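Chemist: Each chain, written out:
Protein chains: 4
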Amino acid sequence: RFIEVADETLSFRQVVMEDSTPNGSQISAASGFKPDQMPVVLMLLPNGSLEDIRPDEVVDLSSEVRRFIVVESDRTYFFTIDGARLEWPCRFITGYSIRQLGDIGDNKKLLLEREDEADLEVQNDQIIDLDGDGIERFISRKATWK
Amino acid sequence: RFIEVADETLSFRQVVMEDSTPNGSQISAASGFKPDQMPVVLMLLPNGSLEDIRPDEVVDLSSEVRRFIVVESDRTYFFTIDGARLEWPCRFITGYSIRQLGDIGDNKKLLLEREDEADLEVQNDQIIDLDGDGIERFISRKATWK
Amino acid sequence: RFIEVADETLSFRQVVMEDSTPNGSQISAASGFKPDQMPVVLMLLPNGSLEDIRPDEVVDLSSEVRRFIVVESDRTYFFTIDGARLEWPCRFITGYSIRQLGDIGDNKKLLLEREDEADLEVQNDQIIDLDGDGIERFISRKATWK
Amino acid sequence: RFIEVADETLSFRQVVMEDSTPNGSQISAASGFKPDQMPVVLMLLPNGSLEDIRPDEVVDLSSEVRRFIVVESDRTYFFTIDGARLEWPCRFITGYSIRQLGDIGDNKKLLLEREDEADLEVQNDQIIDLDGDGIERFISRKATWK
Ligand SMILES: [Ca+2]
Ligand SMILES: [Ca+2]
Ligand SMILES: [Ca+2]
Ligand SMILES: [Ca+2]
Ligand SMILES: [Ca+2]
Ligand SMILES: [Ca+2]
Ligand SMILES: [Ca+2]
Ligand SMILES: [Ca+2]
Ligand SMILES: [Ca+2]
Ligand SMILES: [Ca+2]
Ligand SMILES: [Ca+2]
Ligand SMILES: [Ca+2]
Ligand SMILES: [Ca+2]
Ligand SMILES: [Ca+2]
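Protein chains in written order, with the authors' numbering: chain D, 12 to 157; chain C, 12 to 157; chain B, 12 to 157; chain A, 12 to 157.
No lab work stands behind these hints, which were simulated from the structure alone. Hints are supplied without guarantee of correctness; some may be wrong.
One copy or two, it doesn't matter: identical chains are merged, so the pair holds either way.
Only pairs whose alpha carbons sit at most 30 Å apart, straight line, appear in this in silico DSSO-like list of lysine-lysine [what the hints assert, rightly or not]: (1) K153 - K45; (2) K45 - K119; (3) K45 - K120; (4) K45 - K157.
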């Protein structure tokens, strides 16, 4: 078997799986993490959501080549893209990572929802801090500027 | 159908479910949360683990009366009890909550693992901050004092 | 049987129903509307949603005293309060009507979501035009001003 | 499970449903719509009527392969065919769409009711604007011309 494993840089690499039905611990071990590190493993669902894989949660790999994000972290932050919830192990996320996670086309404009002022436009290299209180909400609009 | 829903106080209450296979959004709505709030929903597994329920993750309730923790939060912290990983939407957790989550008997002593000094004993009303870097590790030992 | 029937003013009045399971046509007729007028009938659900009642859709009134909004109109506009969708037969809606529909407490502030500028605060007597393109989104926050 | 989903073009396509009792949100998501878009979902009843499905209204799909019209819109217009009320998310509707919705045979003539002049005959490609005040009424007669 083969899986694709990435990190906060979202650069997937081939990892050999000897078990067709591994749990989170086996996926973490195959990615190069010791059992004590216990990294956060997020499986990419076909629809677009991210499913958290527990260290004892068995995943069936016989379906297709599934993708995982394995990042050594002790917490996860929740944000939303067009109302769809997504999970990120780090507190700082770039606009490029948001576009990759949300599968937002390059012909659209990414915005951060605000209430006290106009929605903030997020560039590819702009960094958004997820540690702020509340769930950060992101929006995709047509690439038009007034 | 009926489910039991609790919060950071871990006081479960009866909630009526009209759908036998609801997703996270339906469970949140039945608990009294508006769709924009998007609370964190954690299902209590029979073995003892906590499974995060996405807003679009369908849960089969026909098995038995399942228990959920529905807490309005934007993040989750990971800790461990005897090597078993657990998830908590809040950054401050009491020893009583840790005992309830880990099903630790009252005849055992709860400790917080440390490396630069002796492991810290956690009382029932003592508050542990999960916001510290790294995964906090908790240990259950025999109730003996030297 | 008895039902409560209101209009765009949301002033409910007692209406006598001779059938325990009437359809939309019977409810419209009992409210004083001729069959050719065919008014829009919206039943108030216990959770807070509004259910459109077709002229041939049977409603079971044996449960409790249900409430209806019967307004002679040829169209309905969709808006949202805290992510919950609501339906309104008129294109102009006041903030008081929005608070009544959403059951928003008087200790909270009502806002209209915007993208090119700060979210607009909606007063009780302020009129919002639902005829604008897109679904209008309303938000309830704590009554604090900077 | 499988459902058929169409749009204003009334060209139904197969959509896979993983839940036998989904709500409007799940049907919209399976059709390719983000949660923030919140499209209008209209279920085709066996008798011929169109039932509006709220984002939190559960639909039982175990009966048969049901058909839905999922159109991203913020409003719905009401018209009538032979006194039967129908709902349309768009303001412009062609005669072909009216015939498809009303199940009018090709051997009949479609007319638009008028009061100040003779009833207007509607061709297959003729466009009727539903935005006009009042409920537009359509009539099916024998295909005879004087
Ligand atoms: Ca295995
Ligand atoms: Ca999981
Ligand atoms: Ca805004
Ligand atoms: Ca946050
Ligand atoms: Ca999950
Ligand atoms: Ca130690
Ligand atoms: Ca920690
Ligand atoms: Ca009856
Ligand atoms: Ca209905
Ligand atoms: Ca509108
Ligand atoms: Ca269901
Ligand atoms: Ca409905
Ligand atoms: Ca006429
Ligand atoms: Ca009209």
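Chemist: Compare the structure with each hint and give your call.
Modeler: Status of each hint after checking the structure:
Taking identical chains as interchangeable, the C-alpha atoms of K153 and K45 lie at most 30 Å apart only when they sit on different chains, with a minimum of 15 Å there against 45 Å within one chain. Taking the shortest Cα distances, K45 and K119 sit within 30 Å of each other only across copies (15 Å), while inside one copy they are farther apart (41 Å). Only between protomers do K45 and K120 lie at most 30 Å apart by alpha-carbon distance; the minimum there is 16 Å, versus 40 Å within a single protomer. Taking the shortest alpha-carbon separations for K45 and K157, only the inter-copy value of 25 Å comes in at or below 30 Å, while the best intra-copy value is 52 Å.
Hint compliance for this structure: no hint is broken.
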